[PDB]
Structures are given as structure tokens and as C-alpha cells.
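Removed: one protein chain of the complex. Kept in place: all other protein chains.
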Amino acid sequence: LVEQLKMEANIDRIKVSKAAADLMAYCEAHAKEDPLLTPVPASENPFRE
Amino acid sequence: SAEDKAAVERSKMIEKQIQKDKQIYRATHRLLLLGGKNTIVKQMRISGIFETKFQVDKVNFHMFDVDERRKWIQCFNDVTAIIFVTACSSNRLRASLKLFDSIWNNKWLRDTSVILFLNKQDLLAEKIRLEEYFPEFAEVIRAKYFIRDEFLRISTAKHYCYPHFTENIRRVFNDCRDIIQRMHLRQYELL
Amino acid sequence: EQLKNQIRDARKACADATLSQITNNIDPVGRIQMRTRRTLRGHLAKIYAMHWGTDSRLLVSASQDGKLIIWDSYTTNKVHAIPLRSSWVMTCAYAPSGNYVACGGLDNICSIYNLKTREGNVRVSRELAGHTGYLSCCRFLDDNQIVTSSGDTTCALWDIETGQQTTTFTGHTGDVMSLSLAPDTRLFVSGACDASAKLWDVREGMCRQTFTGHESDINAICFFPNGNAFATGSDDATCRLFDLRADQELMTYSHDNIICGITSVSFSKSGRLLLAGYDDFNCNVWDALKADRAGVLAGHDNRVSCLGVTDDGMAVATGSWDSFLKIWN
Amino acid sequence: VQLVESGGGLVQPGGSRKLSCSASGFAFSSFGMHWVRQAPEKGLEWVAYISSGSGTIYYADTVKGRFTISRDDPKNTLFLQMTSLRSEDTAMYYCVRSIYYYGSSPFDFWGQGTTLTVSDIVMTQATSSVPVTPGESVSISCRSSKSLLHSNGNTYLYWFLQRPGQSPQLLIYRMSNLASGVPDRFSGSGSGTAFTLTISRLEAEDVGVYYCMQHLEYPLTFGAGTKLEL
Partner (left out) sequence: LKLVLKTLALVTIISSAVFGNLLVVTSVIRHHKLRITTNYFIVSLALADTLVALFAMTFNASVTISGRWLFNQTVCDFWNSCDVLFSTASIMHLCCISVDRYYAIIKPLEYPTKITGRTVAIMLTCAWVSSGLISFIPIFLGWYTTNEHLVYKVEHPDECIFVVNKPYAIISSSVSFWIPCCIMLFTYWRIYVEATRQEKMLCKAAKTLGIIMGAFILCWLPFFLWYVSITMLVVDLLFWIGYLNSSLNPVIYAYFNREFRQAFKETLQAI
């Protein structure tokens, strides 16, 4: 238990702002090709209905 | 799409097998045994869990005998009966009472009936002495009546308990028949 | 006990402010219907879990009856149907190679099947032993290494070829029931009763990070596609999203009518979508950034147990307790 | 797995002949089966096919009313009946297995074959005998009159290179996938009308005659074959 806390205290935490910026950049960049974000045309749909 | 027709035929065969399996499954009724458990399962017959098949009166019953039981109870909603066995030689008796109180009041185990069993009557009679730690008594028949009185009191508060005194195969058969009859009656709003 | 005090002080030191203020500058996803387009019917009892293949076309699902079947989601025909040796299962897994299927549950013994055999039928290729608790997750790591989580408060990574265990993790005090594997297939996150989510490294077998954001328990789990974040469900109707760098909770979803527990969570390629199933016979589609309701997904009359999107994210499959599997788009 | 074929001989024309094919090593009940014939100086010709459940039965266009085929799962042996046979059936018969599902390998195993003696898509293999040198790439071509591209996107073409003396061995199925047991040097490509086989290196086992199969419709017509010598 002592060792676990010892390594937890040395985790080298980063600022929350940088993580949030990276997350929002990833979400903005990858929200182009995947479905469920914009209405995909029925022609490219794997199933007609 | 020549092989598509063959794939559809294979799916149809799988569906036919599934229908046969569903008929077999509906032909059987499922019971959950808690906990004299070895003696009870031996009587029923004549590593972590035990699954048993037994057919009586041309009715087939599956029996499943198994902190730890949170998920076991959680995923056992659609069972038909829960057989509970508590040793009367016992503390352990208080632990069994607490377990019964916890299992009776469950938000997801409603409409599942339980069947209470009392065993080791001979050992309890030979001992008579649990009244030292239980001053609510104020001879063996009176003692067993007293020890089932509070058990029923905790039991009472859809599901119905079926206490019994310990053959047992016929009792389980009758209890299951009554449970299914009451469920069917309440299905049509006749009870 | 000052170690935890200084750890939390250091954690709060880097948390100058939340991301809610900067999240308001993004465009909301709006309302999405996502109506059902296919229905997989033929199961016999309640569905406990389901999984998708790496080809995002086939899927594997097991029910309470005692048989697990593999559907071809494109044309609805059931490709495979295998009866388990036992009658109780809890989870399913599809190997990335597509030749192996894993399952487990009350049996306490893991079964590994081999789909591609010389004979047409399939059999139990490997019988895995060494767990004293009920199996929860059996996520595949490779063709020969498989990680599993059981109810004995420990999880274990085994090698299929040799048979015995390879790595063990007993950090969790409570019985771990949730396990998610990162896309990089290097670290995996586990969750138990004691509101604890902990990282675990496959190579070293030594936990890296620990989390205590939730209160009740961790019965749902998933991984962000980026790999440095993950979201875990709880019975407190909350899906807190953490990160691998700051170890701080980012999102907090609250809604007064779904106080019931959350059974499963998922994501999408973009990551701006979190599909969580509840006990009100619906899977409320939550926005991962705006922290507001986005979807309804009301198409099941019974409780949904496990849900998961495909590898390509082109479809969503929701397994419920009415022997009904629904495909959404 | 083993396939044992029994029957054949020399009989008078216009009679009835029984051929038996027994499978030992796999559950053939959930397996489609095919009867094919091979002439002494010609290529294989499809005869009959039975599904796994014996629900749909298909027959060769050349002979329909003078053939019977059935299977018996408990007996682990399937039977083929010849009635009023002509003198042109001086051929050797192969009984083969084929399981149909998503990503399956139809015609995986071919039987040994037993000898017996007394509109549709066609393929024209122009090449007949092309000598080759060791350590040289080999190119084979198959031409189909009808397009083999379906709406699903998978072309139903198969390769059944005949070893000189034994039963055919499946090499490429669906023109793109890779069979279970086969050297990786083999490759296949095409566009829908012309299909090409590429071989990087060859050895003694690589010597054989390659056959072309289509599966879109149920003529089930074979090709001509190409001979190679070292």
C-alpha cells in the first residue's frame, strides 16, 4: 500500500487545460468521416433499411 | 448470390434447431437452491456450481445450486422457485436470518417465490439448547414452533414463502404447481 | 496517512479550473434520432453480453439459455450457434483475428473456442482454470494472450498456448467486474465494487493510476479512442470521464429521472458521443462534451444489459433482456 | 478427414450403377456435397449438388432425368444412382464437401475418385501448354463471358489446380482470400472478366494443371485447364 501511494505521488500530473484542449482538438478533427454525427446518405449506408 | 441461398438454408436449419431447443426449455422449470444441502440434492437425484436435471410426473426441472451473491441473485430474475435450507443445529442461525431478510427485500427479485426448509430436527431435539441466547420463548414441538414463528415474521412484510418440515420431491412439486397456478391466475386478473 | 493528503493536494494544485467554460464554444450535436434499422431475433432468454468482430460485420451474443450464437449483421442470418458446456454465461468476446471466441460466468472456468477448424463444427479449443470467482470480462489481447477479470478481487492475463497464468493483478480490494482494453493494447482499466477505477500495464503488471470519482460501484466501463481517457458508469446515474495525465474527473452527468444504475457505456470514432444504457428500458445517448442529453434510443421493452458500437462506428447494437438484439444507425 | 469412394467397373450400357461416398473425420451432416465427373482426356464436369439439409437439389443441364443422388447422415455415406446410362460416361467421379456461410471455404476437400466405364457461362482458356523455368514468375489467365461481380462485392471464382495423379486441391477461393494449406507464393487478381494467377517460385509440388470455377449461377461449368512442364 505504501509503494502504491509512493508511485502515485510521482505520476507527473499534467495541467487539465492541456488535456481538455487535446480532447477537444481530437473530437473536432475526427468528427468528419464517422457516422452518428451527420446524416449519412442512404447510398453509402451498409444496409438499405 | 448462389451461396446466399445456401447460407439462408443453413440459417433456417439453425432456426429449426433453436425452435426445438426452445420447446425443450419451455418444457422444463428452473429452481435455485440456496444454503443439509448434500442430503437434499441426494434425495432430489433419487465444481463451483451444481446443475442437475430431474424429471418427475413427466415434468422436467433444472436445479442450480451455488460480496459474492450480489450478481448471482441479480441475474436470476426469471427463476420459478428459490429453495432455502437453514440448519437448525446452530451465530450461524442469525447469519441465515440476516441473509433471508436481505434476499426477501430485493428490488429485482420480485415475483419469485421461495420455499423454506427446516432440517436437522433430530439434532435440535437431541440438543434440547438455543433458548439461552433467545429469551423470546417465554417441548421440542414448542421449541420448533417458536423458532419458525420469528422466521415467518421476518418472511412476511407477490412472492410467497412455503415453509415445510423435514418425500420432499412431492412437496417441491406441489409448491411449484401452486406458484405457476397463481402466476397464471394473476395473468388473467383472477387473483 | 499524509501520503494521500499530499497526493490529493498535488492533484488539486494542477486543477486550476474546469473545462466547462471553454466547452461552450463548440457547436452542440443537436438532436439525433438513430432509429432501429435491423432486429436480430431468435435468442431464447435474457442477453447478458455481446461483442463485435474486427470486421464490423459479424457479432457474437450469448443468452441465459446456454448457447452463444454469431450473427451476420448485414444479412441477419445467424452464421454460427454453439451450445455452451455449462448453462450459465456472463460475457462474450470476439478475437481480433476472428478465429476464437471467449466466454465465462458462473461456471468459473473460461472456455476458448476455435471457429476455423478442419471440420465444420467447432469445439472447446481451450479450457482455462485458475479463477475462484465469477468471470466478468474476457477481453482479447492477441491470438494467444487473453486478459480476464473475475469476482475474486483479482484479474489475470493468461497465455492460451501454455495453459497456465502469465500475469496477475490483485490491486483491487473489491471484486472487479469491469474491464476495458485500450486501443494500443498496452494498458487496461479495471473497476470493482469499491468505487475504484485502476490502470494496469500488461508488460509490467503494476498499476499506474487509481481513481475514486464514483461512489457506489463501477459496473460499466469503456475506453476513449484517443487512449489517454476513459469513462466509467456507476449506480449513481453518473458517467465520470477521467484522463491518463491529470487523473482528474472532467465530466459529471446528472439527471433526476434515471437515478437507476448504468449498465454499459460506449463511444464513437470522433469521441463526441457516449451511449449509456439504464434500467428504464432505454439507452440515453449522452453528449461527451456538452454534458447534456442528446438522444433517446427508446426501442426496448425490457432492460438493456450490454451495448457496443462496431469497430468502424457504422452501427450500434443494443442487447436487452427480451431476447431481442437491435441494430441502430 | 477422409473420403472413401466405392463403385464403378465395366457394365453394359443402359443400366443402373451405385456409387457410394463415405466421410470419416468430420460431421458431414451439416455439409453440402457435390458429385463431379472427369473424362480421361477432358476436364472435370459438374454433375450434382445436395445442400446440407437436402432441401434444394440441383442437377447438371447436360443430364437431368438420368441421375439420382441422396445422402444418409446416420450411415455416414451418400449414394448416387445411374439409370439408362450411355457410353459417354467412361469417367472418374469425385465426391467433394462444401460448407456455406460468411467467409467460408467451399470445395475445401476433394475425394479420391472412382472410375467407371461402359445460356450458360463458359470459359475459354486459350493457353494449353506453356513451358516454364525454375525461379520464374508464372502467369495464368481465365476469361468469363458473364461478369462475376455481384451487388455484394465478392466475385465467385475458384481455383482447383490438379496435381498430376491425385485429387484436385483448392488454392484460391473467391479470387481474393487465402486457403488454409497452400504456399503463400500463389496470388490471384482480376477485375470481373479476366482473372490472373501469379506464381513467384515453383517446385516439384507446384507442377500441375490449373482449373477455373465459377459459382454465381448454377450451370457450374468448368474451364479447360493449362499444362506446365519443367
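To keep things simple, chains are lettered A, B, C and D as they appear, and every chain counts its residues starting from 1.
Note that in this section a contact is a pair of C-beta atoms (placed from the backbone, for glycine too) under 8 Å apart; a residue touches a chain by one contact, two chains touch by 3 or more.
Check C:41, C:85 or C:118 against the missing chain and you find that the one touching it is C:41.
Hidden from this view is one chain, which touches chain B at 23, 26-27, 29, 57-59, 173, 176-178, 180-182, 184-185, 187-191. Residue positions on chain C in contact with the hidden chain: 39, 41, 301, 322, 324, in rising order.
FYI, only the chains that are shown with their structure count from here on.
For this pair, chain A with chain D, the centres built from the Cα atoms lie 51 Å apart. A straight line joining the Cα centres of chain B and chain C is 32 Å long.
Distance from the chain B centre to the chain D centre is 59 Å, each centre being the mean of its Cα atoms.
Contacts with at least two other chains are made by residues 72 of chain C.
Multi-chain contact residues of chain A (touching two or more other chains) are absent. Interface residues of chain B facing chain D in the complex, by the touch rule stated above, are 1-7, 9-10, 12-13.
On the chain D side of its complex with chain B, the touching residues are 30, 32, 51-53, 55-56, 100-102, 104, 106, 150-152, 156, 215-218. Partner chain A is touched in their complex by these residues of chain C: 3-4, 6-7, 10-11, 14-19, 22-23, 26, 29, 32, 34, 37-38, 74, 171, 206-210, 225-226, 228-229, 243, 245-248, 250, 268-273, 288-289, 313-316, 329.
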